[PDB]
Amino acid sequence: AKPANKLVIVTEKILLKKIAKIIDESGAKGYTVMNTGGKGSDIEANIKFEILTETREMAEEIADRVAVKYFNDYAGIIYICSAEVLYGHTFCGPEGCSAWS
């Protein structure tokens, strides 16, 4: 297994393409996005991005860049979880996630 940070961004849907561009420019290999309901009826339609990164640095760079650009003006939360990647051709490369020295 390969260590990873899982970065989660929950914010306004209008920001979808701008945030995707930031993730793309970061070096992260990819992302998952989903429609959510958010209360922060007063439920509103949000989006949630999930990004695995190999380093905590990469995750903080994405978080910092999203927040600095948008979070004065738009509601949002960004948080980080630990994770281990078991399989993932792009994340782990072709040697896979359980290579030996």
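Here, rigid core means the biggest group of C-alpha atoms that superpose within 1.5 Å across both forms. Residues that one form lacks are left out of the comparison. Positions refer to the first chain, counted from 1. What changes on going to the form deposited in another entry:
- Superposition on the rigid core between the two forms places the CA atom of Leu16 less than 2 Å from its counterpart.
- If you fit the rigid core between the two forms, you'll see the Cα of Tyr79 move by less than 2 angstroms.
- Listed alone, the shifted run between the two forms is 81-97, counting only residues present in both forms whose C-alphas move 2 Å or more over at least three consecutive positions once the core is aligned.
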Second form
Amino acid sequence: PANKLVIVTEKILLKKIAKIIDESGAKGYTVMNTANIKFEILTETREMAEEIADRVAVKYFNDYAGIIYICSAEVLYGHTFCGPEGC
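Given the form deposited in one PDB entry above, what does the protein look like in the form deposited in another entry?
If you are looking for partners or other molecules, they are not here, because only the chain is given.
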């Protein structure tokens, strides 16, 4: 998958955020204690990661502390060769 979302926030939100991640269609996530927890979620699309982030921040970030980071893969260099069997 070409996109990664990271959410660092208060431990109290663990179950509520895990449920958002499940409902989003994401294939999995990592969560670790880091008073605070850090989620990492890989997504096939940019939009899926943005939508998780919107749902979490709109629901919780007026009342709870947290930070959400996103990245999308950008190809910098490429050199490819293939033939009939290998393409």
